[PDB]
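Trainee: So the chains spell out like this:
2 protein chains.
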Amino acid sequence: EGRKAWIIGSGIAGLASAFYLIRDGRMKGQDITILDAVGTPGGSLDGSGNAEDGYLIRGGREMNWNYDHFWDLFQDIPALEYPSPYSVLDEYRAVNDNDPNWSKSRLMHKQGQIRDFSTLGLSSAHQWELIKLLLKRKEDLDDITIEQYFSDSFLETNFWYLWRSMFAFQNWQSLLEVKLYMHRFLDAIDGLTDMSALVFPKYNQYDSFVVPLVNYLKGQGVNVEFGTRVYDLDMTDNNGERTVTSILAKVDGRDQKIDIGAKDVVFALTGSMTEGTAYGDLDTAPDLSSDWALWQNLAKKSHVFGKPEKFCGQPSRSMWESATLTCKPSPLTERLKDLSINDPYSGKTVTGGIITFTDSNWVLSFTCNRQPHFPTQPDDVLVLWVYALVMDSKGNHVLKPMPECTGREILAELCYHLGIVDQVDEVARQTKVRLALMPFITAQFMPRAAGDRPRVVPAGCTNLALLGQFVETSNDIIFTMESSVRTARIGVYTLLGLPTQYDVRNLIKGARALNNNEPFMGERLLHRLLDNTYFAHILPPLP
Amino acid sequence: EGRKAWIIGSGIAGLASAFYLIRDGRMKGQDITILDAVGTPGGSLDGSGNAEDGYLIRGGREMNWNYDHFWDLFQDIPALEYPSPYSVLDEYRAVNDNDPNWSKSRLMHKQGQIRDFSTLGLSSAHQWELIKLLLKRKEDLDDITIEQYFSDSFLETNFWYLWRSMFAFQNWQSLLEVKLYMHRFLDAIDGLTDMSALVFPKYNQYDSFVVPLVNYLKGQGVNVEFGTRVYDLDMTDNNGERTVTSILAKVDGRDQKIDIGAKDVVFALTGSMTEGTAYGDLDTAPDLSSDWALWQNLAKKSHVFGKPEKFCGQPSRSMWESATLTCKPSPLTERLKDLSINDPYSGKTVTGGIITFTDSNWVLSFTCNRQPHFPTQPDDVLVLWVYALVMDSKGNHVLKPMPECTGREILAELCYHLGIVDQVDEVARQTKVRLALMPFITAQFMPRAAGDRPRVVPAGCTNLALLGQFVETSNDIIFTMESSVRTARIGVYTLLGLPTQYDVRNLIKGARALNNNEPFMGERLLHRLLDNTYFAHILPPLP
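These protein sequence lines map, in sequence, to chains A and A'. A prime marks a further copy of an entry chain. Read left to right, the first sequence gives residues 51 to 338, 348 to 557, 566 to 610 (the deposited numbering). Read left to right, the second sequence gives residues 51 to 338, 348 to 557, 566 to 610 (the deposited numbering).
If you're looking for bench data, these hints aren't it; they were derived computationally from the structure. Among these hints, one or two may not hold up.
What the hints assert, rightly or not - List of simulated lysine-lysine pairs, DSSO-like, C-alpha gap at most 27 Å:
{"id": "1", "chain 1": "A'", "residue 1": "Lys300", "chain 2": "A'", "residue 2": "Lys268"}
{"id": "2", "chain 1": "A", "residue 1": "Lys186", "chain 2": "A'", "residue 2": "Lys576"}
{"id": "3", "chain 1": "A'", "residue 1": "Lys252", "chain 2": "A'", "residue 2": "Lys491"}
{"id": "4", "chain 1": "A", "residue 1": "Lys369", "chain 2": "A", "residue 2": "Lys387"}
{"id": "5", "chain 1": "A'", "residue 1": "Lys576", "chain 2": "A", "residue 2": "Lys188"}
{"id": "6", "chain 1": "A'", "residue 1": "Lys252", "chain 2": "A", "residue 2": "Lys576"}
{"id": "7", "chain 1": "A'", "residue 1": "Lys252", "chain 2": "A'", "residue 2": "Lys360"}
{"id": "8", "chain 1": "A", "residue 1": "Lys154", "chain 2": "A", "residue 2": "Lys407"}
{"id": "9", "chain 1": "A", "residue 1": "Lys307", "chain 2": "A", "residue 2": "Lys54"}
{"id": "10", "chain 1": "A'", "residue 1": "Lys307", "chain 2": "A'", "residue 2": "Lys188"}
{"id": "11", "chain 1": "A'", "residue 1": "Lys491", "chain 2": "A'", "residue 2": "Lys188"}
{"id": "12", "chain 1": "A", "residue 1": "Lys407", "chain 2": "A", "residue 2": "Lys78"}
{"id": "13", "chain 1": "A'", "residue 1": "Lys307", "chain 2": "A'", "residue 2": "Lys252"}
{"id": "14", "chain 1": "A'", "residue 1": "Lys182", "chain 2": "A", "residue 2": "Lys576"}
{"id": "15", "chain 1": "A", "residue 1": "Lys491", "chain 2": "A", "residue 2": "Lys182"}
{"id": "16", "chain 1": "A", "residue 1": "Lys576", "chain 2": "A'", "residue 2": "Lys188"}
{"id": "17", "chain 1": "A'", "residue 1": "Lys186", "chain 2": "A'", "residue 2": "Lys491"}
{"id": "18", "chain 1": "A'", "residue 1": "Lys576", "chain 2": "A", "residue 2": "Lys182"}
{"id": "19", "chain 1": "A'", "residue 1": "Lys491", "chain 2": "A", "residue 2": "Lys576"}
{"id": "20", "chain 1": "A", "residue 1": "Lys387", "chain 2": "A", "residue 2": "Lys307"}
{"id": "21", "chain 1": "A", "residue 1": "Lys160", "chain 2": "A", "residue 2": "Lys576"}
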C-alpha cells in the first residue's frame with residue numbers, strides 16, 4: 051500500500067482498471083502506468099479515419115444496453131461538451147432519453163421490402179429448444195456449436211436472423227454464448243425485434259465515452275508508455291501460488307525489462323481481435348511476437364491460463380469484413396430516407412440499429428447511427444457502417460465472394476438488396492468506402508470447453524489479473540465494452556478488497580415473447596388462478 | 051432554487067430529510083431549519099436517562115435488519131469513535147460482522163426452560179392461511195384485524211409468538227402489516243426464529259446513529275429552533291393543487307407565524323407515539348394543542364390527509380408498557396449467564412434479541428442488548444429492557460394487571476418466569492427499574508382502510524411532504540427507523556427530482580420454512596425435474 055500498478059493494453063478494459071484503482075483502491079494516478087503499443091496517435095497508422103479519405107470505423111460492433119456498470123462508472127467522468135459538474139452519463143441520458151432508439155426496417159428481403167419482425171417467429175419445437183437449452187448444465191455443453199444443437203428450421207427463424215446479426219455470430223460458434231444470453235435477457239428478449247433495450251451515445255464509443263475517460267485519467271496523473279508491446283511475464287510459482295516478477299516487453303524494437311515488486315499489481319488484456327486486418331477499399335482489395352504472444356507464453360506456464368490455440372487456431376472461422384461508407388447525397392441516401400425512423404440529417408436516430416438483409420447470401424447488415432457519427436464531419440456527409448457474416452458465398456447480384464469483392468462491388472450487393480440496383484453508378488462516385496477484413500473479430504465466440512479461458516484472477520495468482528473477452532467470469536462476452544468493464548472491476552476488487568432470470572414476472576415476459584405475443588401454455592390457467600389476487604399484475608392481458 | 055427548507059419534528063425522519071436535501075438536492079445547510087419542541091437537551095425533562103437514577107430507554111422497540119437505505123445514508127456520516135474517513139457504517143459493520151447476532155433462548159416457558167423455536171410450528175391449515183393471506187388484494191382487507199382473519203390455533207403457533215413479540219403487535223391490530231411483512235421477507239422468514247437477519251449498533255440507535263448524524267448536520271450549518279410545537283399550516287387550494295403558506299407554531303407559549311414562499315418546501319412528522327407516557331418506577335406507579352394537532356387540523360382541510368381519529372381513538376388499544384432495568388450483579392444476572400450467547404459483560408451480544416415468555420399472561424418479553432448499552436455506563440452495571448403486550452390480565456405469579464403493578468412487582472413476574480422466584484429480594488434492591496407506560500406506542504398498527512393515511516406527498520401538494528409511521532407508501536411501518544428514512548427519501552425526491568417476493572429461490576426458501584424445514588408439497592416433484600439441470604441450486608437438499 052505504497053505500491054504501483056501496471057496496465058497492459060490500451061482500451062476500455064485498461065482505462066476502467068485505472069479508474070477503479072483510483073476511486074475504490076484509493077491509490078493515486080502517479081502509481082499507474084498504461085503500457086500501449088501504438089505509435090503515438092494517428093498519422094500513417096491512421097488514428098481513426100480522416101474526413102477526406104472516407105473514414106474507417108474501428109471494427110466492430112459497438113452496441114449498448116442500460117446496464118449498471120456503465121452508470122456506476124461514467125457517473126464520475128466530466129462530460130465531453132458540457133460544463134461542470136455535468137458528467138458523460140448526463141450527456142448519455144440527455145441525448146438518448148429524448149430520442150429513444152427503435153427500428154423500422156430491421157429485417158429486409160426481396161430487394162427492397164421489409165420482412166415482418168414483430169415476433170421472433172418461433173413455432174413450438176423452437177420454443178421448446180431454447181427452454182431445453184436454458185435447462186442444460188454448463189458442464190455438458192463443451193465445444194457444442196450453434197448448428198449442432200439447433201434444428202435446421204430454427205436457423206431460419208426471425209429469432210436467429212436477429213440474434214446472429216446483432217452480435218455478428220457464426221453458426222459454427224459457441225452455444226454457451228446463446229445460452230448465457232437467454233439466462234440474462236429473458237425480461238428483454240422482446241427487445242431483439244424493436245431494438246428498444248439498445249441505447250447509443252451521441253458520437254462513437256471512443257469520442258463520447260473513452261475520450262472523456264482518458265482526459266479524466268490524465269487530469270489524475272496516470273502514466274502512459276506507447277510503443278510497448280508486452281510478450282511475456284516471468285513469474286515465480288512457490289506453494290502453488292504465483293506472483294509476477296517482471297514484464298518482458300519490446301519497446302521501439304528493443305528488449306526491455308520492467309521490475310515488479312511484491313506489493314505491485316498487473317493488469318493485462320490477453321487476446322486480439324484486430325490482428326491481421328487488411329484495409330482495402332473502393333478499387334484495390336484486402337490481401338492478408349504478436350498480441351497473442353503474451354497469452355501463449357502464459358499458457359505454457361500452467362493450465363490455469365487456458366488454451367489460446369482454441370480461439371486463434373482457424374482464422375477463416377473467426378473472420379468477417381466490415382466497410383465504412385462516407386456518402387455525399389445520392390440515391391442511396393434518398394432510399395435511406397424511406398427506411399429511417401427520422402431523417403438521416405436530423406441529428407436524431409435514423410435506422411435505429413442495424414438493418415439485415417435476410418435473403419442475402421452474405422448475411423449482409425448495415426447501420427446508420429445517429430448522425431453525425433464523428434465530431435469533425437460535415438453536414439452533407441453521412442457515415443454508414445456495413446458488414447457481413449459469410450465469406451464463402453456468392454452474392455445475390457455480384458457473383459463474387461465478399462473477401463474477394465471490394466468497394467464499388469460492395470455497393471452493388473448493398474444497392475441490389477436496397478432496391479436501387481439500377482442507380483449504382485450515381486452512388487458509386489459520391490460515396491467513399493473503406494474496408495476492413497478482420498481475421499479474429501469473432502475469436503472470442505469460438506467453441507470452448509471448461510478451462511479454455513482463465514478466470515479474471517486464475518487460481519493461485521496474487522498480483523495478476525486478466526481482462527477482456529477471453530476470460531472466464533460467469534457472464535457473456537457478446538457485449539464488448541460491458542464485458543471489458545466487468546472484468547476490470549473484478550480484477551481491481553479481487554486483488555484488493557470488495566438475478567434477473569429467477570424473476571417470475573420475467574419468465575412470463577419471456578414465455579409470451581417466445582410464443583410470439585400469443586398466450587403461451589399455462590397462461591390461460593395462470594390468469595384463472597391469479598386475476599382476482601395480489602398477483603394480477605405479473606400477467607399480461609389477453610386479446 | 052435559492053429556497054429554504056423547514057423540517058417539522060426532531061427525529062430520524064427529520065434529520066434524514068435534511069441529509070437528502072444537502073447531498074442530493076444540492077442546497078445548503080444554511081437554508082434548512084429543524085423545528086423541535088424540546089426544551090433544550092436534558093435536565094428536568096430528562097434527556098435519555100441518568101446513570102444514577104436507573105436509565106430509561108426512549109420507548110420502544112429499536113431493531114434493524116440489513117436494508118439498503120441504511121447503507122446509502124450512513125455511508126457519508128463521520129464515525130462516532132473512529133478517525134476520518136471512517137464512517138458510522140464502518141463502525142456498524144465492524145462491531146457486527148465480527149460478533150453476529152443470533153438467539154439461544156428466544157422463547158421460554160414453564161418458569162425457566164426454553165420452548166423449542168427451531169421451526170415456526172405451522173401445521174398445514176396455518177401454512178395455507180398465510181399463503182391465502184399473500185394472495186388477497188389489499189383493497190379487500192379494510193379494517194380486518196389479526197384475530198378476525200386468523201384461526202384460534204394459529205395465534206398459539208411459534209410463528210405468532212415470535213412475530214407479535216418482535217414487533218410488539220396486538221391481536222386486534224392491522225392485518226395489512228402482517229401481509230406486508232410476508233410480501234417482503236419471504237426469503238428471510240426463517241430468520242424470525244434465530245434472529246439472524248437482525249443487526250445491532252454498538253450502543254443505541256441514538257448514540258450510535260443519530261448522534262453522528264446530528265454532528266454531521268451541524269458541521270453543515272443546519273438551523274435548529276427548539277421549543278417550537280407546530281399545530282397547523284395555512285394553505286391555499288386553487289386548481290385542486292395546494293401549497294403551504296405559513297407555519298402556525300407556538301414558541302415558548304406564544305403564537306408565532308413563519309412565512310413560506312412559493313419556492314420553499316416543508317417536511318412534517320405527523321403523529322406521536324410517546325404522547326401521554328407516565329414515567330413511574332420501583333415504588334410509586336404510572337397514572338395518566349398536542350402532537351396530533353398538526354395532523355388533526357390537516358384532516359379538516361381535505362380527505363387526502365386521512366383520518367387520524369382512527370389511530371388515536373382508543374388509547375387502551377394502542378398502549379403497552381416498557382421498563383428499563385439497571386442491575387448491579389445479582390442472581391438475576393447469574394441466571395442470565397445461563398441464557399446468553401456469550402457473557403453479559405463480554406461486550407459482545409448476550410441474549411441475541413428479545414426473550415419472550417410464552418405462557419406469561421402479560422406476553423412478557425425482555426432483551427439484554429450488547430453491553431454496554433450507553434456510553435457512560437460502568438462495567439458492574441447492565442441495562443436490560445423489558446416490555447409486555449397485554450395490559451388487561453393478571454400475572455402468573457403477581458396477580459396484578461401490569462399497568463397497576465409497578466417496579467419491584469415487575470421483578471417478581473420476570474423472576475418467576477426466569478426460574479428464580481425464591482431469589483427476588485436479592486435482585487430487588489440491586490436493580491433500579493424505571494417504567495414507561497406509553498398510550499400510543501402502537502397507534503400506527505391500528506386497523507385502517509384505504510385513504511386513512513396520506514401519501515408522502517398527497518395528491519395536489521407541491522411543497523409539503525409528510526413523514527413517519529402514519530403515511531401511505533407501498534411498504535410496512537413495522538420497522539420504525541427504516542420507515543422514517545424511506546419516507547424522508549420519498550419526500551425529498553418527489554418534491555425535487557429523482566422485488567424480492569417474485570424471486571423463485573425465495574418462494575422455495577419460504578415454502579420450506581413455512582413447512583418447518585421438512586420438504587413441502589411440490590418439492591419432491593421440483594427435485595425430480597431440476598436435479599440434473601441448470602437450476603439444481605435453487606432447491607435445498609432433502610434428508
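Trainee: It remains to establish, for every hint, whether it holds in the given structure.
Mentor: Here is what the structure says about each hint:
1. For the given pair, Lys300 of chain A' sits about 24 Å from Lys268 of chain A' by alpha-carbon distance, which is consistent with the 27 Å threshold.
2. About 23 Å separates the Cα atoms of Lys186 of chain A and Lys576 of chain A', which keeps this hinted pair within 27 Å; it holds.
3. Between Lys252 of chain A' and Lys491 of chain A' the alpha-carbon distance is near 23 Å, which keeps this suggested pair within the 27 Å criterion.
4. With a C-alpha separation of about 43 Å, the suggested pair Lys369 of chain A and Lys387 of chain A falls outside the 27 Å cut-off, and the hint is violated.
5. For the given pair, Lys576 of chain A' sits about 24 Å from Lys188 of chain A by alpha-carbon distance, which is consistent with the 27 Å threshold.
6. Note on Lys252 of chain A' and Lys576 of chain A: the hinted pairing is violated, with a Cα-Cα distance of about 46 Å set against a maximum of 27 Å.
7. For the hint pairing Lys252 of chain A' with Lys360 of chain A', the CA-to-CA distance comes to about 44 Å; that exceeds 27 Å, so the pair is violated.
8. In summary, the hint linking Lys154 of chain A to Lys407 of chain A is supported, as the alpha carbons are separated by about 14 Å, within the 27 Å threshold.
9. A C-alpha spacing of about 16 Å is found between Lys307 of chain A and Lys54 of chain A, which places the hinted pair at or below 27 Å, so the restraint holds.
10. With a C-alpha separation of about 41 Å, the suggested pair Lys307 of chain A' and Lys188 of chain A' falls outside the 27 Å cut-off, and the hint is violated.
11. With a C-alpha separation of about 46 Å, the suggested pairing of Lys491 of chain A' with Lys188 of chain A' is violated against the 27 Å cut-off.
12. Between the alpha carbons of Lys407 of chain A and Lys78 of chain A the distance comes to roughly 40 Å, so the proposed pair goes past 27 Å and is violated.
13. Restraint check for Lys307 of chain A' and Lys252 of chain A': the C-alpha separation of about 42 Å exceeds 27 Å, so the hint is violated.
14. For the hint pairing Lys182 of chain A' with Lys576 of chain A, the CA-to-CA distance comes to about 25 Å; that is within 27 Å, so the pair holds.
15. Between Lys491 of chain A and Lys182 of chain A the CA atoms are separated by roughly 47 Å; this puts the pair beyond 27 Å, and the hint is violated.
16. Distance hint between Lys576 of chain A and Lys188 of chain A' is fulfilled; the C-alpha atoms sit about 24 Å from each other, no more than 27 Å.
17. Restraint check for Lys186 of chain A' and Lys491 of chain A': the C-alpha separation of about 48 Å exceeds 27 Å, so the hint is violated.
18. In summary, the hint linking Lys576 of chain A' to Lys182 of chain A is supported, as the alpha carbons are separated by about 25 Å, within the 27 Å threshold.
19. Taking the CA atoms of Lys491 of chain A' and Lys576 of chain A, the gap is about 62 Å. The hint is violated against a cut of 27 Å.
20. A distance of roughly 51 Å separates the Cα atoms of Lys387 of chain A and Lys307 of chain A; the hinted pair therefore is violated under the 27 Å criterion.
21. Pair hint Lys160 of chain A plus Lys576 of chain A does not hold up; C-alpha atoms about 32 Å apart against a cutoff of 27 Å.
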